[PDB]
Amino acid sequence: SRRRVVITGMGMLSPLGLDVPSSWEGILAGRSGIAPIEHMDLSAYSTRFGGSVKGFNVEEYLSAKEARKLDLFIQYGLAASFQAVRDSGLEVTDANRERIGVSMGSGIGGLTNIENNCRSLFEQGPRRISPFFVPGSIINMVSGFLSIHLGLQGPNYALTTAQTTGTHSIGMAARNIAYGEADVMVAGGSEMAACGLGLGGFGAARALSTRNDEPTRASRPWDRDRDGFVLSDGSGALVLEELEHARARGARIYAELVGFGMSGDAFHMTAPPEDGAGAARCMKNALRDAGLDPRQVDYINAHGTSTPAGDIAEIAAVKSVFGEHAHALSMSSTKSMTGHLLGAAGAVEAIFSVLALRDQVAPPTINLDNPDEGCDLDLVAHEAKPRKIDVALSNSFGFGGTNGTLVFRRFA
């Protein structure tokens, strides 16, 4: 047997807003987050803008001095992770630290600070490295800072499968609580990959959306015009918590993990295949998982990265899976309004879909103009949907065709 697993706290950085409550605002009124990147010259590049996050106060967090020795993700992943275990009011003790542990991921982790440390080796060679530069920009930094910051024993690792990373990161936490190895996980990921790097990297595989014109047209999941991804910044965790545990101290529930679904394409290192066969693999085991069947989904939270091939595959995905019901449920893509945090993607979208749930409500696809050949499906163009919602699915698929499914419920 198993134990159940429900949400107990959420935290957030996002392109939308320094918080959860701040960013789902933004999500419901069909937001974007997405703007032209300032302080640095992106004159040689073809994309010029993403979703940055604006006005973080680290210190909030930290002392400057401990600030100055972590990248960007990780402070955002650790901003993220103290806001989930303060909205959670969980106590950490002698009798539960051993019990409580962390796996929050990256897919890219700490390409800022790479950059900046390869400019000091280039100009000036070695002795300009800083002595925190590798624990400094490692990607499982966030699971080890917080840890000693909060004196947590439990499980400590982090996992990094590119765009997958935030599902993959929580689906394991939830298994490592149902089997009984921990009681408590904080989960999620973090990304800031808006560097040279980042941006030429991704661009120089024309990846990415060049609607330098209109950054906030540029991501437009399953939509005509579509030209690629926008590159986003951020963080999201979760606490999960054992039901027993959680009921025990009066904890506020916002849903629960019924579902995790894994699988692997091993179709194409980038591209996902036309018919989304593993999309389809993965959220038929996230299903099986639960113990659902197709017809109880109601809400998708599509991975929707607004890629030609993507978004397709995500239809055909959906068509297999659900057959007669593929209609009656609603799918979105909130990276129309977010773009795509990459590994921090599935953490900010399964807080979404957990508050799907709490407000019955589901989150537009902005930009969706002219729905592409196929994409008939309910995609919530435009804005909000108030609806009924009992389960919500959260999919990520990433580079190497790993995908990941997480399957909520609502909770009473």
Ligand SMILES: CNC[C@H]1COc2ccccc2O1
Given for the second form:
Number of protein chains: 2
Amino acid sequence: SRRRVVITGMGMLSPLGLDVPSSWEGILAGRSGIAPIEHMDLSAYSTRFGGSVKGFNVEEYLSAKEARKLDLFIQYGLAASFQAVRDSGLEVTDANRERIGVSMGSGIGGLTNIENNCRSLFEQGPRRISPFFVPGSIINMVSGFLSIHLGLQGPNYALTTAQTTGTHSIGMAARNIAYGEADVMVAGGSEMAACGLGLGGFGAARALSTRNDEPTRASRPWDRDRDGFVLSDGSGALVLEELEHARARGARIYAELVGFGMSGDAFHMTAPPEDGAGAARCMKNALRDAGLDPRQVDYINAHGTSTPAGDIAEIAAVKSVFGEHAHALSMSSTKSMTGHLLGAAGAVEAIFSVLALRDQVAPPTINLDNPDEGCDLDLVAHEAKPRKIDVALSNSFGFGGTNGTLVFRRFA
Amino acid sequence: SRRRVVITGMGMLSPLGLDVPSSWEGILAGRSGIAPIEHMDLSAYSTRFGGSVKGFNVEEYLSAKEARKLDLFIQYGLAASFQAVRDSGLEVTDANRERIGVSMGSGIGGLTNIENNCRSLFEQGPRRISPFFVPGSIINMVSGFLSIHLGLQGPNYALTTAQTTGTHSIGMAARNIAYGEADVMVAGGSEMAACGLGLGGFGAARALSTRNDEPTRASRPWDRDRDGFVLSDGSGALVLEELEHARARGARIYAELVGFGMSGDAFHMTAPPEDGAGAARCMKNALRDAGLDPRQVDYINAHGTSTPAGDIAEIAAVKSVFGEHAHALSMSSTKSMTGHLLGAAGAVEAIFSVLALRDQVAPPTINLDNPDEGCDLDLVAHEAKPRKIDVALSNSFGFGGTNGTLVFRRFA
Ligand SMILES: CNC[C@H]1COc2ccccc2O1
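Show the same protein again, this time as the form deposited with this ligand bound rather than the form deposited without this ligand.
Entire complex below, previous chain first.
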């Protein structure tokens, strides 16, 4: 059989807040974390805005000397990781440290550090490159640094599945636990790609909204006026825990992780198939994994990136999977407020999906002023919607056509 | 319940050849793939050699029009994946495409690509960034591009765990099959970090051999005169397959994958503990995973990087895990010849471990002229050793204290 897996801790940095309760407050209020990027000259760029983390103090987590060694994406991951473990009340002992592992990932990793060490390399040559460049930039260093700080000796790994990283990190962490390889895992993702190379990289593929005049209105999933996604920074971390382990130590359980679906589109490098056939298979796989009928699903945290083709594919995939229940369920994109945290997107959207269970409210899809053709579902336009939510889905569809779905259920 | 997993296909680019057999003949003949580097000018660098892939012809695999858009690491990953799938005899169909996934990883990913696009950003501005920069550079696109070309709609992901990437990738792809999430996975990794930032970054940390006047003698695992690892490029992919599915289609089976271990050292960001404590935990998890008596292990393919601390820690780990039987088994580092393919190390070395079982020979550790204090095991100095091998183990250890062990045995 299979052990059940519960959420006992959550941590986050978002464009909405420096922790979960502040971010969730922004979500339910419909606030935007999008704004022109500061302390960066973007004159020559077609996009000049996104979701920055505002006022982050790494010295709440790290000495200034240890933070200097580490790319912002790693700092963000450690901050969410540290928040999550503390949120869980968990006490690490010699008796259980071998049973606690980490799977924190990144889409893109250390661009900002890579850009700054390039400056030195090109200007002054190879000897001005930092000694800490490699371990300070590689994606498995949130997992590494976290495991070293807390004495975690369980499964230590990192995923990098572009915009699906957060969803895949959590899902596969839940497997580790379910199949008895670990009793506890810290899982999710972090991202800081708002450098030249990120805005330029995504800018060159014309993947980004270029609505520089109204940055708060740029991210407008399923609206007829959307012109691409909004690039955002942050981290999410959940503490995943075997149910009996959680009950024994008297843990507060937010919710149960019942289902994880993966699939591949095998279609295109950056664009989904128009009918969302891959997101449909992935959701069906997640619901089968959870032993649930599609009818039982109440709330979907959509990928909902605000790209023409991505938004429309997700409607086709929901209508396909859910048939006559697809109007009954509520589906929103919190990217309408946060923008697209890429590899952290699924970590923070898992947390929003768990909080929708706790608080019995669908987050809004803000900026959905004029739904596009066939976007006739309950997309929770403009304002939060209190309702019954027993089961909640979080979807992530990324480059390479890599799909992930998480199923959360109320736990009592 | 838990299914058995066998190797039906393998593929490789190494510094010793453009496939498996050509690389293997070099391994058995104690040939070095290490040479001064020619694809760029390294006079400002403290280390000017490595294991390059020689005469790689991407137009054996890909149209030049697609090849141009992709980092060499992805080209290398696809070349090894394509070989492995062809070598498997597997035929992809509507009936089985949902059950065939891919997990091809990398340590650092498209560093060359990110460097070149950085140069363009700094010298010429953001409008000279390739539209292919992102999908052409991010680590999950070996998994992405493979799935698209072959139509693999199974689990689609990528691991980034530094120098452990290949072992973890192979090990967790086996767990996918073991637990029924897939019947087939293509798993391994690819690295091409031989650019300014690579040799520069590893140079800045003083990790690399600087034996520039004798590059073939630089990588000398467990030799008293070792002075850092040698940086090498390439790819390894295997087709992992449920046993009954392999039997059902008359698949040739190289060997069985009976054991996977992970652990975290939780010691240091880049230094292994001198006692090999995390390594020992990892190998013990793997042998317990395979239900084996440690005395059944005949051959260990060591991580064996040719760093002072790494090499001694491995001896300590092996002595501690294997006690007196540590003196009966054969251990070698093929890094003595290939150098360190970082994220791809685990993938090529897993294939060497399988060929050690097929051909009943321990590959040599070349350059082991003066074994260091305490390095008194059978490390197969200088020359291949024909011997009985039923059980073969492949170890990797990475930055972040991340450990991986794979256990293989003959299948009849
Ligand atoms: C063990 N629970 C506390 C976590 C979160 O707060 C931390 C902050 C800094 C360093 C370690 C930390 O550990």
